[PDB]
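Written out below as structure tokens is the structure these notes cover.
For this depiction, one protein chain was excluded, whereas all remaining protein chains were kept in their positions.
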């Protein structure tokens, strides 16, 4: 199985499928557009059947070792006055094998699992073509490589999806919200605490977990505005500075340190709707194919499942990408629908701030806990040895 | 450090192993669709046996050694003139079997067949390679191990910088069905500056034919197999003996090989980020009997000098050329020394012939140990 | 988990590899001072060939396979009568490969167990040098004459069956200058062979004969050679030249063709594998293949039981019973006509041989191997 396979994107789906592809006898090559591993991102939750895959890969103990250590959580008003304080109650109500871990720590654990897999950074594809025999990949530095299969794991803004799929074959659905997170110097000397302030359909957060020198800032807000270019960091940062102008609290102290952050992340809360995630010798995995959006809390787990099934089906098809890709599209269909529908469900209430009572709030919260456990296990994983 | 190695013969695979063991990540290509296993018996000799032991393949090679029990020199009619019945100085092993052993040591290294380069450029930062299938790849280093007719040397070095010297003789060998039911025996017939051999060793169904003759003729296109075979037939048109029985089975052969006995002469074997190893740089010719050994030493030293220099190819390449020079000269000079009498068939005393044979065996023994290997641990 | 494997033959090394591959840390002991590489050509066949593949030695076994190119049957005066022109490998070569596969497993030599006891917690093993060790499990692979079987199992729980024949084989210098040939001479229900495979300096001699006699002490080497010389006193041909060179041979082997019949091969925390539990005898040609399967299944069942030997040993006996019966019975089937020399033509003999080839292939695949990762 010396089949040439290209995997685009050193995020979560990308590194995960590289491990499984190698474990099943294939020889993948991994590329990343940025000069180094992007370890940004808020805390993620490895949950449901994804924990089972994590245990199979042999990383579940590492993930448990690098789990979030926040000891206290405070919601405050714009004056800093405490309204609600928690000390870990949130984690009790949740699923059993769920583990919360900062995204970059999870990516680092995944990158250590594929140290024997080639990985080239600062590598950008400019165009892709394919025929019955091979895929042609053209790189910005002048290289032209031929591959038997190409797998895209470059995120919801997948440039591969745009180079391979027509506009009539994929739809991006805006859920009326935006998310941003970045690390800054811990100017508040916070220790194992998360502070959040919600007002006027906006949320501002700042936390400290392990590194006492660094704090992670977070912004979430409702909006239907669309950027001229969702990939222009300068427009992203200006839009964030304008929406949170006059919010008060620690917003300006946070945004003033935004320029010295090395892990900036900003995106719209969006979903990718496709009838198929494969075209010829090219397959999409993770957010590139079926992003459930941050509001589902399931993007990383769907990345895990999609990587395992695609690599497994290729093993079961003895390299017949025609059959594997077809089974891949079918097996993941119910799981994608459950998770994406859950995400839309959450968006109906997210930051709405409708004047509801504790009864209404507790019912939505408990129904979210039940709904997310069923969704996280909405599929039974096959076996491939 | 991305490294391309060109040619899956002896030098190529062997340097892939030594680059991998020293930490590098080589990639190998081969022009032909499958590994080429043709060739006559070769000898792993001298300091090259030490390299083989360090590679962990010495026992395997010994296990695959030739097992010819009898060697008969015969006249054109079949009458036996001379008969013979024949160490860690030397292990004789058919070329194909040694190639197989080398390949099995680099199963973790990617090897791409039916792949050949049409253009090669380099700057101070990388080498750019354009392949026949339209691919373009950048490499930190390119090591050419594509043999005497190396296209890489032709595209990188000017006509001024290399010279191919014809030693006035030709070689051809191929396997045919063992129609004579030979068993661990080699039959040879020499006459009129020509030699015809046929042997059976390890596969009872297969016999290996061999032709060697003196000639100062040069083919119009040495790459044309049709010309090669036509020239071979014209040269042995009426040699007699089993010549026709052998040539008529040539079309059934899967491993036909034919070439002139040639040496490659260069003052340096490197240019920028591109280095040559094996026959592509310093072919000692079949008449030296040391090509594969000089390929082992060339691979081991080049990989080691890249390790000792921490990837500074400038340092490693200069060290490479210097350390290899005395070993190349001794082996090429021995090759030419052999060609002075090869198939000349001068009327000499049986004592003289025996004496020149003793001197040849003594000379190759010393030549095969002409340098001390550096240690790279 | 402390696990003791007794015997560095074929079954022993095989189960050590598998136990290690499944997470255990076995220890291997051997009665003799060094590994015993004696023996004639054996055949890896049937499901055993798949286990060899999963162990990563199949190609190694192929590389060291036999290379005999001609077989001649000859009369006592040297005149040829007949001439002829899955992997066959000499026992010593296969034992080499298996020992290379367990370089991470300790092997202590010159070790002899003298007493064995067990309770529901551990097995206690007494050694001749005075050591006393407790083990969670003890696995016996000490061959047909298993001292462990005799110490653990009552005389009514096992039966030794003599198949009425003997076998001896040893390597001597190649004084005849044989090259890749096997010369055999059959007469009076006795067979004498001498072959040369690869090493041109050595020839391997073989002796086989029918007999109902039993030795006073089957492990006494002097009585073995006396019985051998008396049996071939006036056979003629090369018997004297071969037997006169026994003293310079370093790998003398002699044994009776025997089987071991048991209803169960485990007792508490002790398990038998290989010839010690279900020896099918040389006439079956499946001893080494039965060693492979026993080692594979026993280790696998232990892994699946997460160390619970009660479940593993129960499944070990259950899964192996069909395979053992077929191979043991196949061996008895061969003995009824082995060296008997019935009055039939060569078309009948070659007909029986064709039946044997079909039968042995079915028997060598007479079970389906479970999977354990």
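Each chain gets a letter, A, B and C, in the order it is written, and its residues are counted from 1.
The rule is simple: a contact is a pair of C-beta atoms (placed from the backbone, for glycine too) under 8 Å apart; a residue touches a chain by one contact, two chains touch by 3 or more.
K.L.:
Out of C:56, C:78 or C:106, point to the residue that touches the absent chain in the complete complex.
P.N.:
C:106
K.L.:
Looking beyond the chains shown, say which of C:25, C:226, C:308 or C:353 touches the absent one.
P.N.:
C:25
K.L.:
Among A:191, A:348 or A:367, exactly one should touch the missing chain; which is it?
P.N.:
Of the candidates A:191, A:348 or A:367, A:191 is in touch with the missing chain.
K.L.:
Out of C:53, C:134, C:213 or C:336, which is the one that touches the chain we can't see?
P.N.:
Within the whole complex, the residue contacting the unshown chain is C:134.
K.L.:
Of the residues in subunit C, which ones touch the absent chain?
P.N.:
2, 25, 103-104, 106-108, 129-134
By definition in this document, only the chains that are shown with their structure count from here on.
K.L.:
Taking each chain's centre as the mean of its CA atoms, how far is subunit B from subunit C in angstrom?
P.N.:
The computed centroid separation for subunit B versus subunit C comes out at 46 Å.
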